[PDB]
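Visitor: Read off the chains here:
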Amino acid sequence: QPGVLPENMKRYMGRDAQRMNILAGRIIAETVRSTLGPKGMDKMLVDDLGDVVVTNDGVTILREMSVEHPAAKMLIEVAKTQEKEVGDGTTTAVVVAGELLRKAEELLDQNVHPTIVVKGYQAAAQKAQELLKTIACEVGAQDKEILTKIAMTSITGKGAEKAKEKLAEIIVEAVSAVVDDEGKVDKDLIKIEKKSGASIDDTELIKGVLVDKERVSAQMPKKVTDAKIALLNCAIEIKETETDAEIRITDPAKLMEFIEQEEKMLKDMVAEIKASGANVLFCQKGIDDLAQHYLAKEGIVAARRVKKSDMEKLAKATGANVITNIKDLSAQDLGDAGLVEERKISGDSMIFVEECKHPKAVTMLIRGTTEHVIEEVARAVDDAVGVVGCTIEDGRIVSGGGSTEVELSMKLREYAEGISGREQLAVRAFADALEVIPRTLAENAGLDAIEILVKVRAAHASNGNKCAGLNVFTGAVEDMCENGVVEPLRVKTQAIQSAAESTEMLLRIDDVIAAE
Amino acid sequence: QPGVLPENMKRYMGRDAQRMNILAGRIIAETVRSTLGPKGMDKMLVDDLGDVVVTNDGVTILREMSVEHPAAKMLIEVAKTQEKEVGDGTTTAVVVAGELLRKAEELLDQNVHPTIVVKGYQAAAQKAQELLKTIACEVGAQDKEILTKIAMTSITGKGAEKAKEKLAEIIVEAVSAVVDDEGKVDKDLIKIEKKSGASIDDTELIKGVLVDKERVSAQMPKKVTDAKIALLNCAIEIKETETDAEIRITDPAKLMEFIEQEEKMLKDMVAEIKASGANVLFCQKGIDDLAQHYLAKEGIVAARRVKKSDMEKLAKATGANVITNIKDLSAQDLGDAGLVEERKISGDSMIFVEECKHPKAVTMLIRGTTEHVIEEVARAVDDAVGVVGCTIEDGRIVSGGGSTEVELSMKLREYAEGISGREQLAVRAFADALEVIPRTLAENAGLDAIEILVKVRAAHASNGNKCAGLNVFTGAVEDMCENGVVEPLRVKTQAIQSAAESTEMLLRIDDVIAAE
Amino acid sequence: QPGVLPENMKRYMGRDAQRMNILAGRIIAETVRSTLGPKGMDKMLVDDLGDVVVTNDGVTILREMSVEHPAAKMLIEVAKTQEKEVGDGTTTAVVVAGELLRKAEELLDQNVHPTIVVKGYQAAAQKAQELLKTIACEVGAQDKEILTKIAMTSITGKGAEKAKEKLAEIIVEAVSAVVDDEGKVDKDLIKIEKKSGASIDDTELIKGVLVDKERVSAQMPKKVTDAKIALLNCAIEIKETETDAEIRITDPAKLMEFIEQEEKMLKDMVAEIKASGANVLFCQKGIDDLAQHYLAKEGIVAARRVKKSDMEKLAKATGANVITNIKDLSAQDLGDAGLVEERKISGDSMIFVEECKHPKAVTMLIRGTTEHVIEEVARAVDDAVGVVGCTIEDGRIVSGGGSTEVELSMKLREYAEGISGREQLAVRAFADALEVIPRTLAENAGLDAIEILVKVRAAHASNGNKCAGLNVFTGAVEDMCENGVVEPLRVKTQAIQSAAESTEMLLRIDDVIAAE
Ligand SMILES: Nc1ncnc2c1ncn2[C@@H]1O[C@H](COP(=O)(O)OP(=O)(O)O)[C@@H](O)[C@H]1O
Ligand SMILES: Nc1ncnc2c1ncn2[C@@H]1O[C@H](COP(=O)(O)OP(=O)(O)O)[C@@H](O)[C@H]1O
Ligand SMILES: Nc1ncnc2c1ncn2[C@@H]1O[C@H](COP(=O)(O)OP(=O)(O)O)[C@@H](O)[C@H]1O
Ligand SMILES: [Mg+2]
Ligand SMILES: [Mg+2]
Ligand SMILES: [Mg+2]
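Protein chains in written order, with the deposited numbering: chain A, 4 to 519; chain C, 4 to 519; chain B, 4 to 519.
FYI, nobody ran anything at the bench for these hints, they're computed from the structure.
Label pairs and their in silico Cβ distance ranges:
1) B:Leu52 <-> C:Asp247: 42 to 50 Å
2) C:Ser465 <-> A:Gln113: 20 to 28 Å
3) A:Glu417 <-> C:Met12: 47 to 55 Å
C-beta atoms are modelled at their ideal positions from N, C-alpha and C, and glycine is treated no differently.
The task is simple: from the sequences and hints, build the whole structure.
Guide: Rendered as structure tokens:
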């Protein structure tokens with residue numbers, strides 16, 4: 004009598020399961036296609052709270068639409084990974100994924116079994132990775148001209164693109180500055196600050212850091228040049244034993260003596276600081292109001308309760324050692340900056356620590372007229388920082404504008420010739436799926452995809468040009484490398500690998516069991 | 004401020020409109036594919052009232068699912084037309100239609116504009132009609148051997164197929180009998196009766212008609228041989244003027260005289276009937292109880308209030324003229340039958356009018372153990388009656404089992420070679436769409452569609468055999484004409500034309516506006 | 004204290020009123036733009052009952068969306084009028100109207116007062132009517148080649164366009180046949196019948212009429228050649244005085260005598276009919292069952308209770324006089340038809356009265372696979388019948404494909420040069436508004452409107468070609484007159500006048516007061 008599997012449950016099997024997933028994928032892909040490339044357009048997303056995000060950024064859009072559909076969630080993971088590993092090409096990856104799903108449907112409607120499609124995809128994907136390596140050009144991690152093209156390509160189609168030359172130079176300087184001694188780039192050592200102002204061109208690089216604290220006492224200097232900075236993360240307050248201790252006073256005179264002893268301990272703390280040669284002081288903990296006095300009388304700029312993250316970046320920029328024992332503070336622990344100034348910026352008072360010599364962290368101060376405008380500039384700067392970092396780390400790049408996908412597509416078909424059996428249809432499918440990129444670029448530019456594809460495919464055939472792609476302005480096939488349209492090899496390798504792995508995962512599903 | 008278009012309304016534009024329709028079509032198609040062919044399976048459909056229909060019949064299924072979706076409704080119209088014009092191939096037509104929609108999607112995703120797809124389809128469809136004429140064989144409307152194969156093919160895969168030889172012979176006799184003098188077949192002159200009994204083999208042809216009435220008075224004979232039948236659709240009651248008239252009686256004696264005068268009028272009516280030589284009488288109106296008496300005294304079998312439809316078929320079978328004036332009833336108006344008997348059949352008393360000489364209407368009495376079993380036998384008999392009728396009328400047939408579709412497909416591709424431009428992709432699409440039939444046949448038989456298609460396509464290429472199709476039992480390509488697997492040209496021509504016109508109609512839609 | 008004007012009321016003044024109307028107009032226009040021209044697309048409209056309409060037809064769409072917005076309702080009236088007066092160009096007229104509203108907004112945002120805009124529009128419109136007369140070519144009401152181009156142009160872009168040559172010839176024959184002796188065309192004498200069948204090419208012209216009634220008695224002939232038809236709209240039943248009358252019978256013998264007298268009156272009625280020479284009889288009233296007998300004995304085909312509208316059209320086709328006194332029926336009242344046949348069509352029995360000699364009414368029998376497909380063919384046939392009628396009546400045509408609007412636009416700008424003052428801006432606005440047609444045609448064809456407009460405008464400038472328009476296939480400016488793309492002058496004159504009058508009406512509104 005009673006039901007075995009839960010009654011409160013929907014279930015989709017075989018064809019229905021496949022359709023459910025394929026459909027979800029395609030629909031996710033279709034909602035971001037319009038954003039792709041130079042003539043890409045932006046979405047405005049409103050949440051249930053009435054908050055607005057306007058952005059071109061693929062993965063951002065996908066996160067902000069609060070998608071519940073279980074298969075869509077899988078595709079969105081593709082975009083999230085692309086973001087983590089590369090920082091660019093999120094839309095590309097998702098769109099390729101959707102296309103693989105769509106091409107898989109044609110094969111499944113012919114009765115090719117899912118596992119065979121999967122097998123075929125896996126083969127094509129491996130081959131694509133191999134081909135992508137032969138396709139990439141080598142570049143040096145210090146080739147600023149090429150790094151700058153990498154950044155500018157990233158910003159193309161973003162609306163921040165109006166300022167792409169200036170932005171790219173700044174971004175290339177910034178990333179170059181924080182490259183560690185193992186040759187790696189930590190996106191975190193480039194602090195992004197966002198502040199309203201006259202325009203986007205007011206955006207600047209700061210060799211140093213911005214600190215959202217003010218000097219602890221107005222009697223201290225507001226400005227100081229060639230400063231010797233002290234980083235202290237112990238507190239400048241009267242020290243207190245760990246074991247519970249209480250004073251007992253029985254003589255009225257001894258009353259003052261304890262107060263005075265405490266005042267002296269504090270005076271001594273400041274004197275030890277002065278002795279190191281420091282004129283500027285950032286402290287992670289608190290500073291007794293009396294110590295604040297003494298510091299000011301010594302002409303020392305001090306800030307209290309500085310964010311741990313701030314101390315860590317201040318250290319990186321100036322060469323200072325964060326100290327936990329005032330007793331052990333020497334001149335060798337002090338950091339150095341050309342200028343430390345408290346000044347206002349968009350009506351906020353902050354402490355600028357700038358003109359450091361060889362900073363290991365820096366600040367990109369992004370400026371624009373309005374908050375939402377800035378936010379999007381920032382999102383674009385993030386994309387560029389990403390790919391510039393990838394290039395510096397990998398030393399491998401490829402041409403953009405769909406050229407690489409077409410070359411890939413063309414070679415994969417050659418590969419498919421030698422595949423025997425049904426698996427072959429899957430390999431050709433995979434090949435054809437890649438052309439979604441050059442097609443969408445044209446589509447978004449109001450061009451005719453079918454004919455441009457014909458033209459671009461031709462320029463790649465024989466022993467033609469792997470760099471040939473559609474210029475969505477002139478309408479001609481051009482040499483994208485010569486035009487400076489390039490991207491890190493890592494964008495393509497990741498996007499394709501991600502799309503392949505996730506669609507293979509979905510195509511293996513023959514049963515969906517949803518609850519509640 | 005206020006909304007222009009109604010607020011209580013959903014709307015789907017461009018891509019969304021196309022998907023909505025394409026999807027609906029495909030889903031309708033997919034729900035009947037499983038029924039197609041020799042290894043086709045049946046659906047059991049339950050309505051909101053708890054009534055059951057189990058059937059293989061495509062259009063029946065689609066009517067019984069109470070489909071609300073507006074695009075689906077359009078596809079269902081394809082099945083309904085096929086039923087009206089042919090009586091068979093409803094599943095085929097719907098499945099082809101779905102396939103055309105699916106192939107259209109691939110072209111639309113490449114950015115081929117809908118109107119171009121449409122144009123292409125129209126071309127292919129016209130070409131197909133031309134090709135179908137050259138593909139058809141001629142047959143004579145009196146070729147019983149070929150007509151019998153036509154019927155048997157129809158019944159294959161129906162469960163009534165257990166009795167297909169017997170059924171086919173009966174069906175062919177039946178249709179042959181009602182062919183008019185212009186060579187046309189009216190499916191209506193073959194009355195189908197359904198009655199439970201020992202088995203389906205008890206099913207028989209009746210040269211004559213079954214009447215659901217009993218003789219009007221038990222004093223009349225139950226049986227009568229070589230009968231002279233009278234058809235009267237005026238009433239045997241006392242006649243009454245149209246102008247209002249009343250009798251006035253003032254003399255007591257004249258009281259009887261009026262009653263007697265009426266009795267005489269009735270006696271005279273019967274005597275006029277006897278004088279024509281009639282021993283059996285069917286009357287469309289009523290018969291005064293006194294006339295019933297006189298008729299019985301004269302040994303005349305009479306039935307009253309016979310359905311107009313019954314009178315009309317009785318007339319067609321026996322050669323009688325339905326008369327409206329008893330005065331004008333002569334022996335030349337009488338019909339003839341070998342046997343008129345009232346007898347029981349499944350516990351029901353009815354009047355059999357059988358063994359007529361050259362009947363122009365006839366009765367197929369269908370027998371089976373249970374109601375739902377009979378119903379389906381009947382549905383199959385209907386299909387066969389249809390195609391036999393089509394063959395007799397058209398004189399053109401083609402080979403079955405997917406052979407004709409494959410030949411069509413192959414030729415249409417040849418045609419497409421000479422199409423310049425984008426329209427060509429649509430023509431090839433159309434061609435490939437047709438192969439859904441041979442694919443589904445194999446699929447339903449658990450065979451591998453991809454390889455059998457390869458084999459069948461090969462048998463058709465060069466100057467091979469237009470009759471080559473997959474035998475879903477042996478697994479081989481065989482000569483379907485030699486195996487007696489044939490269908491009226493009209494089933495292919497209509498199915499294809501219907502699918503083409505309705506999918507073209509849908510593909511022209513770019514906006515869906517639904518209310519409430 | 005209490006409110007003066009009703010409290011349950013919204014109100015929009017000045018700017019808000021203007022925006023409300025302008026907006027409504029534009030939105031209505033925008034919903035039908037997509038349907039315009041050769042590459043136009045169709046909408047699928049679902050009502051609250053779940054009934055579907057799929058159509059390209061502008062005014063049909065606007066009627067089926069149940070639009071409540073008060074200003075939209077006004078624009079819809081534009082479409083309805085175009086339908087009544089012309090039968091084609093409904094979309095054109097509505098789109099022009101929207102455009103006038105949009106161009107009016109630009110002028111209102113510059114602070115040009117509404118009345119001045121209005122004044123300007125009125126001037127432009129009057130000028131346009133004058134210019135349209137000089138632009139039109141003359142044609143003879145019997146120039147079948149030109150009438151045929153007119154029809155084909157009409158059907159272009161409709162999906163019935165697949166059969167446009169055949170359809171056009173039939174339509175031209177049909178309209179030509181019903182032209183009266185004052186040279187006018189009543190669209191009502193061309194009866195449209197819709198019946199499913201093998202395909203749209205089965206569509207045919209019937210010189211005569213279809214009657215949905217079967218012969219009254221099966222004993223009558225089903226077919227009859229060179230028939231003499233009798234039209235009777237009195238009844239063939241026993242006549243009854245107006246003054247109340249009753250028979251009194253006192254003698255039993257006189258009983259029969261009254262019945263017989265009535266039978267004789269009926270026999271006499273039939274005999275009088277036979278005497279006129281008639282073999283076929285259509286009666287608007289009833290026919291006594293006994294008369295039906297006598298008629299059949301005389302070999303006369305008769306139908307009873309024929310729709311008044313049917314009698315009227317039967318008369319028009321055959322040359323018969325509908326008679327109300329059987330006594331006064333002579334041979335000169337009889338009509339003539341080559342063939343009168345009762346036969347089946349899509350499983351329906353009807354009476355065909357065809358092959359009449361010089362019919363003054365005819366039937367277009369439209370055929371297609373499915374109901375919704377047919378409906379739309381019919382809608383297109385209606386459009387063509389309309390413009391063919393217009394041409395025959397007016398004798399004036401103009402070139403299509405936007406050429407005329409461009410010529411108009413160009414001349415109206417010339418006119419505006421000599422307008423002094425602000426009114427001038429309104430005249431140039433009007434001029435520019437007309438270009439919405441050539442723009443939308445291109446747009447719908449995926450072409451670039453801005454550049455094609457530049458090209459077309461050039462071909463018209465100087466003393467160029469008034470017939471020059473965009474070919475939306477080749478992409479070139481071509482001679483639309485040479486390509487046979489033509490329309491009745493009435494389509495442009497009415498569309499423009501309608502748009503002008505209704506937008507002027509709306510622009511005069513400064514206050515909207517809505518209730519409830
Ligand atoms: N100047 C250009 N011309 C053509 N294509 C370009 C140009 N600049 C960038 N692209 C292409 O646009 C695509 C990336 O666009 P974008 O909207 O940033 O998507 P994603 O989120 O996937 O990076 C890449 O194929 C890139 O090569
Ligand atoms: N013996 C057979 N072998 C292969 N195919 C057959 C055979 N008999 C019938 N068919 C095919 O089955 C199809 C019709 O199957 P059916 O289930 O009746 O569908 P429909 O409702 O479309 O007629 C036709 O394509 C016909 O060629
Ligand atoms: N072959 C053609 N080439 C270009 N334009 C055409 C052609 N045939 C018709 N047209 C144009 O299409 C327009 C009519 O389109 P249609 O969708 O019927 O709208 P409407 O309901 O307003 O008549 C007219 O401007 C006519 O000139
Ligand atoms: Mg990018
Ligand atoms: Mg069948
Ligand atoms: Mg039109």
